[PDB]
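Read the single chain below, which is given as structure tokens and is the form solved without the ligand.
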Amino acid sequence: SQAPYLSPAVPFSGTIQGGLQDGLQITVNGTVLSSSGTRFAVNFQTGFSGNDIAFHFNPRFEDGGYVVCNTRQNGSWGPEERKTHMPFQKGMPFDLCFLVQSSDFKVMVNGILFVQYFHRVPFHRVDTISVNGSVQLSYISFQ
């Protein structure tokens, strides 16, 4: 059972030991920084390059607050899935949980379902989690 990453520095890249598995939970506990920019991202990808991101979760404190989800494949982005809600507040730590399922990721914010994102590329091929942008991390954990 994988040990958590404690206070990882941002921008962060870490192996997921099993790779994703149906039933796996990944918890990201962090805080958006005030007056340090307007977006951050959590990426589930294959390897460390950044060119093949199965699931890009991208909150943007712009235009009212919204979040974009997308997939990148061979360094081309597909169609964005936007949600016009900002479930994060600057200065407030959040628990952002990703549950892997057969057909989708379920994304919870403090336990409440935020977005469901259907796999565009096979979940089993994901072996890496990455965070970047305007956020400070406290931990990333696995169950």
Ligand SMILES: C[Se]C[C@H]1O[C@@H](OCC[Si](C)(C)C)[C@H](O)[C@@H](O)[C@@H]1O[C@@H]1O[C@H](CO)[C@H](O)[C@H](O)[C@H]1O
Second form
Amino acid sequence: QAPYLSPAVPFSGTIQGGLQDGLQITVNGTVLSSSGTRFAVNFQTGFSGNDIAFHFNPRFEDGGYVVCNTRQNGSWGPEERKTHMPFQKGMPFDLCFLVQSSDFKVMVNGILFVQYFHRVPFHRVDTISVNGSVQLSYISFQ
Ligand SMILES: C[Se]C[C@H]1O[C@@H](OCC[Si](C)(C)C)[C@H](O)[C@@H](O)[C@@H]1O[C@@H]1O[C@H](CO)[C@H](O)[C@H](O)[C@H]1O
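Take the protein just shown as the form solved without the ligand and give its structure as the form solved in complex with the ligand.
Entire complex below, previous chain first.
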């Protein structure tokens, strides 16, 4: 699949073929400086946002932390939080998602940041969405 180039935020776009074991998704962009305190990347089914297999949500709040969760039919599950905040307001990032058989691995600027165990089948994910305090240069699939 060809990359999404300069997609406007909020963005949602199809992942051709769906998530597959071994697929790497790169999100390259820049956190905005003075335009809110959260952004999110969502791996989801369709365009509604009610079924999100993996919600990755950095929050520049309470010292900085990231939330990971899953939404099923509108309902959020148990939150996983890491206090490590590897993003900075105004700064560019390379955010890499790797789909593996039991989990996602998430790399930020070349360093493993978190994993997230699958709670729903990843093959049902056909769409990526990005929202909040970020601008995007590209989303690639490889
Ligand atoms: C308005 Se209810 C949802 C919020 O629940 C909050 O828990 C509230 C518990 Si009491 C009502 C006992 C004080 C969570 O801290 C918050 O992170 C959580 O926020 C959601 O978190 C979700 C992830 O779990 C999404 O990020 C969603 O966007 C965000 O609104």
